[PDB]
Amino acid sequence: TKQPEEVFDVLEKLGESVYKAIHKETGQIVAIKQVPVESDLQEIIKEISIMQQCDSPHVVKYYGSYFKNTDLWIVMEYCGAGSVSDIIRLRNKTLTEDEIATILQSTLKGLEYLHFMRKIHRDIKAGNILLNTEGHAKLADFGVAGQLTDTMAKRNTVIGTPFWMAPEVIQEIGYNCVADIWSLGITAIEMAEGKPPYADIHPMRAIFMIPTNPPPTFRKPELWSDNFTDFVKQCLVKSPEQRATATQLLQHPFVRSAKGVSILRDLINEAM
């Protein structure tokens, strides 16, 4: 119930509108997203309602909102390294298997938690996985997330970002939490190659082919271990009923043996 600029000292812009700020009472660094109150709020409202219901170390926290002048200030957990796709672009380097194993282990714990709560993220991609400066990965951008309920055991909205969308999401048939596991497999290729399969095709053409085409594979299979190859194959099983869960993939040899967040220390330092 206090004015936002007496609670927060706003520092630099982080994105275009998102700012770094200090919570003046604890010295904790936060991210503040500022949107005009007169803008289209549909996805911000959806996003904030999903984040408010989540309490996981693997999901970006929401701390609250304020009116300031004619803007809405949305206060969130600060992830100082930015997104995985920011880190790939900034270093001009794809991630090693070990870096990918460590990031995807934390991503999978975030998926396991969301899936237990009957949430589907629906936009899993390197752009939507943020790292804090200590190297802990967090799921962000709940703008298109779905909620299963007792009476609605499936969603059927064709939604997501085309290159990352599961075949059953593109097709008319309903789907459930394991749509995110397909998106995770595409994200694994994205982190290893810098872009998803079909990145150079028109998105609306790519969406037409994903349901009919075989599961994608690495562009240069000889670069990658049997474990990494098998991990991607399990993620990209076309049958949703047969596809591995987040819990099961946490035991996959590629993930189960991942190094701690220290292997991301070089990576984060170079990026920042």
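Numbering follows the first chain given and starts at 1. In this text, the rigid core denotes the largest set of C-alpha atoms whose superposition between the two forms falls within 1.5 Å. Compared with the form deposited in another entry:
Shift analysis on the rigid core between the two forms singles out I29 from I207, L223, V237, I29 (C-alpha displacement of 2 Å or more). Annotation for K68: C-alpha shift of 2 angstroms or more between the two forms, rigid core superposed.
Core-superposed comparison between the two forms: the C-alpha position of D40 differs by no less than 2 Å.
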Given for the second form:
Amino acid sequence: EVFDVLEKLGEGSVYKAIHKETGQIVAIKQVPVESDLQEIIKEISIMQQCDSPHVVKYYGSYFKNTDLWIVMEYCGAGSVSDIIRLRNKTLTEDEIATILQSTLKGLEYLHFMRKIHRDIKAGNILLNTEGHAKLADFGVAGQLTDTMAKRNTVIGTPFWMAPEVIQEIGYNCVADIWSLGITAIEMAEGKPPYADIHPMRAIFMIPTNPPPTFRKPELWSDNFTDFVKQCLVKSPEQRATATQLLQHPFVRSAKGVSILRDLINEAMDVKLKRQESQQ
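Based on the form deposited in one PDB entry presented above, generate the structure block for the form deposited in another entry.
No partners, no molecules, just the chain.
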């Protein structure tokens, strides 16, 4: 028995665990055997091909009771959506600027490696205890190759999906940039645009509707609104890259990971008090 499997993580099939020999904490995803095992292998391979501090690491796999268990890097503060849910508070512009700067470095790395995450959302941006954001959940990630310059699979989570992904015209890495723009709105408002309507109705509206904006635009700085606008350019050919968005005034002016300390402490404290009452 290599791992001591502890509680289920988040607000789900990922569990916290301790490597008995080293004391090291890991996150282990329990794959239900009814999953398409060919998709699981593409996922694992994409994670193995990544060596970046801004991308969650894959450690290994094991079979137990017919299940495949995937051992991955554990990020102490949980996902951005978990932190929003635990504190019952949206994030400040400064907290968003800092998280999106680290998220953009992970996107820049992935896009250099010709990978499209295809599922960028606050739920897939994880923070370690020190406050560093990591791209996670490569379950739906796509790989561009010399023979495949564009992907065609209509996949992702509907509210965050780029118009060109839905249009079935072929798309590339900048589809993650549109998802990043929706994620910025989600971190500021608690939910993406169209969250209250059916996801299949959102699928139909996204290619025809003008780019989404903040629900109350007057509440946000000009740099934040312009950053969201640059992410949500409907033409993928004209859309800014992760490298270019790292130079946007909203991102360039991001304070260090130090400004996330209170955010992380308050969320972890809520989680600990919730666990203490369950005993």
